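*Asks:* Construct the complete structure from the given sequences, taking the supplied hints into account.
10 protein chains.
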Amino acid sequence: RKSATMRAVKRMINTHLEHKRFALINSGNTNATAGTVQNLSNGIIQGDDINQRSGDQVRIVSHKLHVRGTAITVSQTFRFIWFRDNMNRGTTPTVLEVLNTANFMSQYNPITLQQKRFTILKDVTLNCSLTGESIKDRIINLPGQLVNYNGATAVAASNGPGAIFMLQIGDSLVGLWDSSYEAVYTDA
Amino acid sequence: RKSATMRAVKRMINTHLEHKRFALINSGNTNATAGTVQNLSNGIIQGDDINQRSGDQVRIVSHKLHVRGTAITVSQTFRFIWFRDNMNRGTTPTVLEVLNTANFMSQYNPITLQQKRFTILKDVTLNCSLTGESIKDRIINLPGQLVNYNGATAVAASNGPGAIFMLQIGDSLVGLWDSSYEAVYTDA
Amino acid sequence: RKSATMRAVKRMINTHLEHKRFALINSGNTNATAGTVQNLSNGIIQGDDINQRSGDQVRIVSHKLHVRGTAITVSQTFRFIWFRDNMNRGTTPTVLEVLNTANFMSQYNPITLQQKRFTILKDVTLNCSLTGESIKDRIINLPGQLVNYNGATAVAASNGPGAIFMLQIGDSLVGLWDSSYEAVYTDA
Amino acid sequence: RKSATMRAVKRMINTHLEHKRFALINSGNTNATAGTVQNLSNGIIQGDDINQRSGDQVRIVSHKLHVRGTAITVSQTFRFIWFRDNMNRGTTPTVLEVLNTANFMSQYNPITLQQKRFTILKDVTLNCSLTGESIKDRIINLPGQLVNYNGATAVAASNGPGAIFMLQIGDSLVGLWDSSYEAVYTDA
Amino acid sequence: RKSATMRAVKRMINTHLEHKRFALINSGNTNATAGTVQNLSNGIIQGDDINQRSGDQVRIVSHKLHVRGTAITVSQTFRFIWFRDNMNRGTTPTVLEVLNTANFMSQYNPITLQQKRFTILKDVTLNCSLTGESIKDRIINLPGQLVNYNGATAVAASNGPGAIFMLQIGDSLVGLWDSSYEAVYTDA
Amino acid sequence: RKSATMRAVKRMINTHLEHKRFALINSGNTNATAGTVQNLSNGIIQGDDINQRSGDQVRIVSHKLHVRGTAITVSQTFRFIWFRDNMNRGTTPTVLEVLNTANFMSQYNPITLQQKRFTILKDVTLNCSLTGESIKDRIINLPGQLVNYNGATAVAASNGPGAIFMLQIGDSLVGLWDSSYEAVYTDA
Amino acid sequence: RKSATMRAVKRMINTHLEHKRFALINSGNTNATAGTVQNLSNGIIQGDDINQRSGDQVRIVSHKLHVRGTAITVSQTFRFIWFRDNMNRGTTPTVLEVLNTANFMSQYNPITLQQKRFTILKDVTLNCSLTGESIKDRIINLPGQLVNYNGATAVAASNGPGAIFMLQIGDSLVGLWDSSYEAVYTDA
Amino acid sequence: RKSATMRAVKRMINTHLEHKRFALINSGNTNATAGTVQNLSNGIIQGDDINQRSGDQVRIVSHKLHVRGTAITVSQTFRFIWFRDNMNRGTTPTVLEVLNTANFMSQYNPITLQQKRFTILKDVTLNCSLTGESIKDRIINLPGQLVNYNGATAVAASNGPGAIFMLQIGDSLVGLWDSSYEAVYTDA
Amino acid sequence: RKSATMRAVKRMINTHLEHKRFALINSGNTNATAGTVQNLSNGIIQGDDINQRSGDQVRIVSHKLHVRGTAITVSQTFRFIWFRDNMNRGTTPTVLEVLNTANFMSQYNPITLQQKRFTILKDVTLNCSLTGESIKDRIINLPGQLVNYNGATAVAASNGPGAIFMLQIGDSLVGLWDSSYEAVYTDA
Amino acid sequence: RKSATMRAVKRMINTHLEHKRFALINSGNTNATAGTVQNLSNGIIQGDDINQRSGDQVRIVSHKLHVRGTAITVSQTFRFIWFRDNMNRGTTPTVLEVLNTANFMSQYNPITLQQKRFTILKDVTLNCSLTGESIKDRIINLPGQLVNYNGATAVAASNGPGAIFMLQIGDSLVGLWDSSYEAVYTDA
Ligand SMILES: [Ca+2]
Ligand SMILES: [Ca+2]
Ligand SMILES: [Ca+2]
Ligand SMILES: [Ca+2]
Ligand SMILES: [Ca+2]
Ligand SMILES: [Ca+2]
Ligand SMILES: [Ca+2]
Ligand SMILES: [Ca+2]
Ligand SMILES: [Ca+2]
Ligand SMILES: [Ca+2]
Ligand SMILES: [Ca+2]
Ligand SMILES: [Ca+2]
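Protein chains in written order, with the authors' numbering: chain A, 8 to 195; chain B, 8 to 195; chain C, 8 to 195; chain D, 8 to 195; chain E, 8 to 195; chain F, 8 to 195; chain G, 8 to 195; chain H, 8 to 195; chain I, 8 to 195; chain J, 8 to 195.
Read the hints as simulated data drawn from the structure, not as lab findings. One or more of the hints may lead you astray.
To be verified - Derived DSS-like pairs: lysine-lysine, alpha-carbon spacing no greater than 25 angstroms straight-line:
1) G:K143 <-> G:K123
2) A:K9 <-> B:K17
3) I:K17 <-> G:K123
4) D:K17 <-> D:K71
5) H:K123 <-> F:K71
6) G:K129 <-> I:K123
7) E:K143 <-> E:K71
8) C:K17 <-> D:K123
9) G:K17 <-> C:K17
10) D:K71 <-> D:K129
11) B:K71 <-> B:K17
12) B:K143 <-> E:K17
13) H:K129 <-> F:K143
14) B:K123 <-> B:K71
*Replies:* Structure (structure tokens):
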């Protein structure tokens with residue numbers, strides 16, 4: 008009891024809040040053996056439109072990430088690591104903050120996972136084969152959390168605690184990857 | 008029980024939300040035998056002031072419409088139909104969407120009322136007589152609902168589902184009508 | 008229980024307090040397209056008579072307002088807005104404080120109604136027709152509240168929080184209106 | 008019972024609202040024998056940043072005021088009166104509205120405290136001695152309430168009911184005082 | 008219980024008492040801007056007939072008043088105030104005893120209503136329009152009370168406490184009014 | 008029960024009200040075979056002192072009357088009738104209103120006692136004998152009621168319902184009487 | 008039980024009574040080795056304004072006293088004794104009535120404290136040092152009681168039982184003291 | 008219960024305390040039209056005998072007053088007012104403190120009875136007639152209270168709160184009165 | 008239970024006993040490095056006045072001591088030790104009876120505290136600084152006990168068990184101290 | 008229940024863990040108007056001694072900070088802000104991260120407090136006066152939390168989430184401050 012009225016309260020609170028929505032696409036990037044980190048939630052900037060925000064917090068209700076790779080020239084691997092930076096002070100995290108070494112096979116950095124600097128949301132490896140399935144994709148939908156910002160505009164210095172990112176890393180420089188991303192969020 | 012704590016929760020949610028307010032006036036229009044449709048909620052645009060909105064939703068707590076006619080030259084009829092367009096995709100609805108024929112006596116369009124494209128909020132007929140009461144008016148106050156928008160500014164293409172409109176239609180081209188309208192709404 | 012003895016206490020308190028009475032009349036005013044605001048409770052001044060007060064508070068038990076219009080030259084509209092100024096700092100409020108625009112059709116000012124500067128007690132529209140009923144009137148009786156004063160005499164600077172006023176506004180300069188008003192009040 | 012679930016609802020409502028924050032500093036002012044009134048909450052203007060607001064209401068969760076005086080030339084007194092103007096119609100209140108006379112020893116104005124125009128939040132007197140402690144300071148943190156605004160920008164005419172101010176008054180023209188102030192507030 | 012047998016006793020008492028009846032008509036009087044007061048119950052005189060009385064008391068079971076006005080020359084107002092004089096010492100009350108000023112818009116005299124010299128039974132305003140409804144009427148039926156007399160015959164000096172009267176007052180000298188009146192009363 | 012808390016409420020109400028006090032003396036009047044009526048409560052006039060009143064009502068908590076006669080020339084009778092005029096419309100009542108005939112032996116007027124115009128509070132007859140006790144006196148203390156006034160000053164026209172009077176009447180013109188009177192009253 | 012409804016009655020009685028307010032300031036007095044007694048409540052005189060009274064009683068709800076000393080020429084002591092004179096017959100009490108000897112160190116007069124002629128409300132000693140804190144102040148707020156008056160105006164002969172005073176006494180003639188005082192009081 | 012053991016405690020306390028006794032006689036005084044006030048309890052002075060006291064308090068258990076008048080030359084009235092001065096500061100009260108005017112018929116002074124400066128214990132009027140009973144007397148015995156003193160000896164300046172007095176006043180200068188008085192009192 | 012009626016008995020016993028009062032002042036003494044002992048209760052001598060006693064016992068209900076020091080020439084310390092001599096046989100105790108050594112820092116004498124010859128009521132150290140606060144004071148109020156005497160007059164040989172004293176000791180011969188003292192006591 | 012065995016488990020866990028201890032001192036620093044941030048927990052480095060750590064976490068059981076200022080040349084203010092950096096990624100935080108502006112009066116940075124980058128443990132302001140107390144100090148002891156490290160040695164890059172720091176800022180460059188600090192911590 009009492010815990011089940013509580014989540015009827017939650018439902019009621021939510022019918023009262025606008026569920027804003029922000030969508031992004033990022034097509035035709037080369038695979039990277041040293042890795043890159045891509046912004047996801049950074050693109051929600053201060054303003055009055057449906058895919059903007061008031062102040063420096065939003066709360067993601069759910070968000071969805073779609074990754075895709077295509078082998079070019081050689082069969083190859085594409086890894087995508089969807090993560091939340093719980094402690095971001097206005098940066099795009101480096102590969103070496105997240106992975107122990109800059110290698111597509113690397114396990115996580117032991118120091119930064121120990122202190123929970125990051126939370127891994129999903130870690131996806133696609134092996135695209137020029138003698139097999141040369142194109143692969145994966146869509147992942149998850150509930151979200153609080154996201155704090157450190158500024159108004161879509162620049163690194165605006166990222167803050169709870170920022171959402173995706174790390175891409177693979178074993179070739181020559182294949183191509185696409186991603187897209189949507190967050191549904193309240194902003195009250 | 009439980010249903011009465013629920014609406015104490017609702018009251019509590021509401022003390023936490025700003026009740027924004029938007030007021031509009033539209034004076035000195037000619038009676039129309041073919042009808043017109045006037046925007047009511049369209050005029051709430053994106054911005055930060057008390058009669059604006061964040062994002063593409065607001066929730067009307069209550070709204071109030073005031074209509075008035077004056078017979079000129081001939082005694083005549085003024086009809087006013089206050090309605091919600093539940094499915095608006097960025098237009099001002101035509102007379103023929105709402106009425107079966109473009110005539111002040113017409114019943115509702117059977118197709119669009121069947122599918123509940125519109126909800127009639129109030130349908131008011133004033134008969135102004137040059138040998139009698141030549142001026143009549145009516146004020147109607149009602150609780151409101153969700154209103155979605157399709158854009159930022161006060162243009163037809165910004166109307167969306169839940170948009171509030173008023174259809175005026177009468178039997179003379181020569182009488183004059185006034186209306187005004189206020190919505191009280193949360194915007195969280 | 009307990010709540011029903013409480014209002015037997017209230018009744019007992021009231022048999023012990025003098026119910027003072029103040030009556031006012033204001034005849035033969037022209038209709039106003041830009042509006043006027045008339046004092047109602049201001050006329051209760053410091054003194055010892057039955058229609059005066061000790062100190063700077065009284066409590067209105069009930070009060071009654073009577074409005075009347077007569078069409079002259081043209082059929083026309085008379086609007087009367089009986090309101091309490093909850094925050095008066097020693098003024099007669101302007102039309103634009105109460106109405107969004109200075110027009111007899113206007114809805115309320117959104118800012119000042121939001122913050123509850125005023126409480127509308129009754130809003131009455133009389134349409135007097137030179138081809139119909141050219142004379143109309145309405146009497147409204149209501150329970151009252153606390154009224155604070157900012158001075159001793161009957162001047163604007165003596166109005167204070169809870170002051171009672173009436174706003175008149177119409178669509179012609181030429182018709183005539185009358186009002187009268189009585190407050191019954193304790194003064195303990 | 009029921010009252011303890013109610014304030015679990017309140018807590019839940021609050022985790023859903025951004026707690027915006029506005030900070031201000033005001034250094035190096037001369038002591039004033041006739042007094043001044045300083046704005047505190049006025050500086051929260053309409054906009055989308057973390058220390059701005061949507062619409063004309065915010066709700067202060069808590070706010071904190073820090074006052075400091077330094078005796079110059081003569082030992083002297085600094086009084087600071089932190090107050091809420093419950094009825095502000097778009098002004099900075101005068102000293103004489105708050106104090107019976109413009110004197111650092113004065114009690115409150117009897118008329119305006121009677122009608123509850125103002126609520127005193129804290130009244131602090133610092134005696135700084137050039138033969139003793141010549142520098143004194145006090146920090147006071149309190150829960151807050153609703154604040155209404157009458158406009159968009161940081162000007163007197165934007166103050167409205169619930170505006171927060173500080174009155175400074177002392178017995179010398181020559182000492183210096185500092186203040187700073189922070190409000191934490193929701194804005195839903 | 009006990010309270011419901013009590014009003015079966017009352018019913019039984021009443022089947023034992025003659026319900027006497029007195030009827031009166033008063034046609035074709037001019038409207039009066041200074042007002043008049045007309046006798047209603049005065050006309051029940053000592054004697055043995057069905058519309059007379061024994062002694063100086065009767066008890067009105069119910070009574071009924073019918074008022075009517077007709078506009079002549081100008082559209083105009085007729086006010087009729089049906090009242091009981093709780094303290095009559097053998098007079099017809101003046102207009103100024105009942106109304107604060109001798110004006111058809113006046114509120115009640117504050118002194119005499121405070122001490123409950125009079126009880127207003129019904130206050131009726133008819134606006135008769137030479138461009139509209141030029142003839143209006145109203146009938147009002149009410150339960151009655153004790154009526155004391157100060158003499159035997161139908162003269163002012165016979166009125167006493169509980170005497171029933173009607174005050175007529177309007178805004179023209181030229182319109183005509185009619186009234187009639189019936190009391191049903193016991194006389195045991 | 009409930010009735011005993013009620014009169015604890017009454018006691019509490021009374022500790023909150025000033026018990027004002029008015030004292031009067033009236034010495035050396037001749038006995039009157041035709042009678043006189045003397046004012047008692049009339050002398051409480053509008054003002055701010057302890058033996059004055061605000062408005063037109065006071066409530067007598069208790070009052071006390073002291074009468075005294077002395078036979079001169081012949082042994083004789085002095086009668087004193089302390090009474091409340093429940094219906095006073097701004098007069099000093101005549102002897103014949105109270106007594107059936109103007110004679111010290113008369114019973115009460117049947118008409119005015121029937122309708123309860125007056126309430127006799129005490130009727131005292133002193134027989135002073137020049138061969139016996141030639142001087143007699145009586146003091147009577149009683150709880151009081153509401154007293155309404157019809158004006159501000161100490162004149163007949165200010166008496167109103169609940170006015171307190173004393174009628175003196177005897178069988179000689181030549182004896183002398185004294186009276187004095189005190190009312191304790193609230194005035195809230 | 009019953010005792011908790013009783014103080015809900017009290018609260019209800021108080022919402023019905025005007026809380027009048029009287030404020031006073033008394034600046035720049037010399038320290039006194041023989042002492043002075045200053046009036047506090049005396050200044051509430053008969054009249055109709057917010058800081059006046061009807062009759063000869065008021066009831067102080069709360070009152071507040073603020074004392075301040077400044078050492079001049081020599082470091083010195085200022086004593087302030089806030090007291091109620093329970094038996095005042097129209098005087099300002101002497102120092103020797105309150106203190107056993109006219110010395111700033113004296114204990115209370117044994118005779119007058121024994122019979123409870125006075126009630127000490129607060130006794131405050133400030134030691135102001137020209138080598139230290141040369142300025143000191145203290146504010147004290149307390150609930151109040153009944154205050155009787157012996158006259159209408161602000162003179163000694165108007166003080167009566169319950170009069171509020173402050174005795175100042177110190178060890179130098181040369182330092183300066185300030186006081187101010189506010190009473191909140193009902194007057195029903 | 009508990010309340011009945013309490014007054015068994017009281018009885019036990021009293022068997023342990025000496026009941027001291029003081030007796031006084033005051034013969035052959037002239038009647039006074041302007042009045043006198045006579046001391047009763049003043050005569051108990053500090054010392055060790057049975058009709059003396061230790062310290063400045065005694066508690067009267069019961070006391071008894073005997074008054075007597077004799078008409079000389081003219082039949083006349085003698086009034087005796089036995090009263091306690093609850094607030095005496097070392098005086099014999101004047102006639103005008105007790106009576107509104109210095110007249111044997113006067114009611115009490117309204118100011119000093121309002122504030123309860125005095126409590127009347129018994130008010131006795133004897134009318135002695137040279138043609139009737141020319142000698143009259145009355146004895147009155149009552150329980151007593153605390154009596155405070157302001158000094159050691161039998162002088163006015165020793166009276167204090169609770170002092171017992173008798174006021175004599177009549178209508179002739181020429182008759183003679185006697186009184187005597189006994190107090191039984193504890194002194195622990 | 009039973010223990011709470013017991014202290015209702017105590018209260019009842021006390022309303023029956025005179026609370027005598029004795030006040031003393033002792034100004035302008037030099038600080039003492041070897042210490043002095045001052046008499047407090049010794050000054051209550053046999054006699055009949057309010058600040059005297061019957062016999063050789065009194066019971067102190069409460070007593071109050073006020074100490075004050077002023078630095079002269081050098082900043083310095085003043086210690087004051089308020090104590091009861093439980094076993095006094097008719098002396099003023101020496102410093103060395105109370106303190107282990109005659110030094111302002113000394114702890115208590117171990118022998119005499121062990122056997123409970125004395126009870127320390129309060130031990131107060133004031134450090135007065137010629138560069139700081141050069142004047143300090145402390146007031147201490149406490150309930151009291153039995154005090155026995157060994158004689159009638161105010162001499163050392165009259166002190167007895169329960170005698171109250173104050174020991175003063177400091178570190179300079181040159182500063183000045185004041186004290187005063189009041190005992191409230193029964194004497195039955 | 009169950010919650011009280013739980014904290015008996017906690018106690019048992021703790022008797023099994025070494026409570027390591029690290030102490031630090033930092034003397035003779037100049038006051039800073041632009042502020043500095045000092046490391047506290049950084050100095051616990053990897054190693055095997057009692058004031059070192061294994062791995063990159065410790066858990067502070069309690070820690071204690073001692074701050075001290077001394078005014079030089081001018082009386083001045085020293086502020087010390089003891090805080091935890093919940094999100095440190097291997098830095099010493101700047102003044103502007105913590106304070107809104109680099110001023111000793113500044114409130115907190117709104118962005119970084121909103122996202123809870125820091126938790127303020129204690130904020131202490133010492134006003135040292137060259138005419139008063141020129142030296143002040145404060146010691147504060149608190150329970151602690153988890154501290155993560157980003158490296159082995161005592162350099163900025165080793166700070167991590169939960170790092171403890173102290174910000175010093177004042178209004179002069181010339182005064183001197185000292186601090187010292189001890190953490191008690193487990194390291195299992
Ligand atoms: Ca936000
Ligand atoms: Ca929205
Ligand atoms: Ca009032
Ligand atoms: Ca017509
Ligand atoms: Ca807002
Ligand atoms: Ca100093
Ligand atoms: Ca009859
Ligand atoms: Ca009154
Ligand atoms: Ca009063
Ligand atoms: Ca005694
Ligand atoms: Ca004794
Ligand atoms: Ca570790």
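*Asks:* Of the numbered hints stated earlier in the document, which are not met by this structure?
*Replies:* Those not satisfied are hints 1, 6 and 12.
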